[PDB]
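Taking the form deposited without this ligand, here's one chain by itself in structure tokens.
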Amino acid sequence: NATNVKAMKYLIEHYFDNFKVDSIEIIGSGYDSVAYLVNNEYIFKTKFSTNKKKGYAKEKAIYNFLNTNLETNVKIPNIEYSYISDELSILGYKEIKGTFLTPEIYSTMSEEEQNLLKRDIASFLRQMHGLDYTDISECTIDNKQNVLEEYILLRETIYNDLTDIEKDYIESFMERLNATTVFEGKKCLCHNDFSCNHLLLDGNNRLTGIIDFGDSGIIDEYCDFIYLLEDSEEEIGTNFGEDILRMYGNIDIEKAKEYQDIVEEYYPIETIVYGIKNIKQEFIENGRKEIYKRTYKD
């Protein structure tokens, strides 16, 4: 699958006059994006037509805001090339180098190395969350309202074809969402996809870089702890997130956990909604199945 590499080479050279592509390979991808390593130096992140028709616009505005206002040794993407349209968007920045944090690597770190990493993370988040965001005040994200809208989308599309069990899982979520107070806390600029696969380590196992601020915005402070608190094979574990919360300070840990638990409870619904919005039946099917699996866990 080389048609897309060649296509991307052409597009890069076409949209960015005087950029020459000597080498190009795919080095990663997201749900709707592919990331290309170009000349062993640049990342070119690309998306074709999607629901976020101004998505890379926002992401770029965020990198610009952060590179202007953050004071940190931690690297983030600094945008040098951009092309943005309904049908195609491209962000180009110098590759952030290092090794992605994994549970395996963490477990080979000394206790001190682990603490320092935790400190590095706490300190970064503290700095970002503390930025006055009045300048990008429009990049607000209201997760509660979004779920409400997504629920309405469900009601308008497939809800009536759902089973009672599926419906009950959804309504039960909605009821919990209506009762929770976890949205009524501090709002601030968050990375909002803060998992260990976006965290880069240098050769001393210290945090050297953070990527993918594609979902960032002004949102509940709790958001950036959701994956740090996650107990799964992909993430490091709850104790890791707890310790980081303590280092970060001034934050209700139980509430951060409740927030994580609610996001986790929503995931199958999110999956279904993605399936609907992007016309991908496989995602609707997986989300529904996942509801059954969780209903039967107990």
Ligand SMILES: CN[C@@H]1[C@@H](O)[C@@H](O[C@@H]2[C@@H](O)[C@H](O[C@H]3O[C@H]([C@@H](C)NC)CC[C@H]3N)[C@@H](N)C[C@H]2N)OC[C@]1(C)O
Contents of the next structure:
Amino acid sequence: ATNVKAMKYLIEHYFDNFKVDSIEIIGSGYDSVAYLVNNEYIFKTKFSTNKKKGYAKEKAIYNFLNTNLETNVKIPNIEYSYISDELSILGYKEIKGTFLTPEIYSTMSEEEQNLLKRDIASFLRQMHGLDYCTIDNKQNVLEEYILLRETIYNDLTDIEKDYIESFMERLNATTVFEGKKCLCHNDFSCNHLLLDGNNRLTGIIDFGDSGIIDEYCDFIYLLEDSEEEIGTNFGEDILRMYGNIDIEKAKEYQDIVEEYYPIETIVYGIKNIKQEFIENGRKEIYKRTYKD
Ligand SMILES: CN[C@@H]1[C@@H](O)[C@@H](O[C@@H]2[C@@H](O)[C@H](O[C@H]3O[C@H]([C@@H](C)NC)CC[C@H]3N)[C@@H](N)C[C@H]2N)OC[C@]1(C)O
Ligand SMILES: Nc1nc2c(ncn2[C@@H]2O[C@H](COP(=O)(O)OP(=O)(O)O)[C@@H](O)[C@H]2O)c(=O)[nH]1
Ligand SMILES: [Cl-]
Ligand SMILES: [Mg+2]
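Got the form deposited without this ligand; could you also share the form solved in complex with this ligand?
And the full complex, kicking off with our chain again.
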């Protein structure tokens, strides 16, 4: 009840004639909280964070996409924004629908599933085809590795160090970063995909990590085999509908990103001074090392 009151205050303070009649927490990330306001608006908010210029880019991307996409699929359209080092708020009309989940997918008929895959391939084809906020993942990883070496690397165990070095060797030998670059959503998982009443794709949210990056990026979660995502076959079928893309390299890219995840988690802990993340990522290295 306290969070909500503070945020109600801040919204009314920064957005003058805006009156909050109702407000509830509708979701969060580790660094942010989203509120549903007057059963009509989403307000995404974040306080003093690592990515100081963060909601600025996300806003620029919504504006660029709302200008240049021709699609029936809805994405946030920013009506309110306040951006500062200490606090950032984006407001838009709530995109209505039901988030895609494995459970829901499994109730869909084969035809419904096909239409959804087609809708997704279609959206991605259009977004990736836009004449275009660069992101270089290889370079980012190298910089993160340098940060590790400068901070906690020497205190890690041999098993941990070997996991990291083995990954860096793979990163150095892969060719998966040498392909097409385009504007990608870059966090394209089923918890960001909204379905209408006929199980068709009706909206997509959270372009907060979006940028000009490897084309393979937008298939990483579609290809993921986990309890949260639909499955590898879902991503394969979409890749086939999308067309003109090397499927084996897309899978290599996903597999490399998945291998990086524990390390990414450690790095997040270091940068944000959150020991819990350092510990979790290290423990995940052991779990993966002993999986057979
Ligand atoms: C763009 N940043 C993404 C971040 O948003 C976050 O992405 C999540 C990603 O973390 C999540 O998958 C991770 O976590 C899954 C599980 C532990 N989630 C609770 C298992 C697979 C593992 N890759 C996906 N199912 C959904 C996806 N939106 O994690 C990876 C990342 C590179 O940091
Ligand atoms: N239905 C719906 N839920 C939304 C919308 N925007 C945000 N959410 C919810 O609140 C979260 C918003 O956080 P998000 O945009 O993904 O920013 P993040 O912190 O970068 O992950 C989502 O996971 C959804 O649960 C929207 O327009 N429609
Ligand atoms: Cl630790
Ligand atoms: Mg999100």
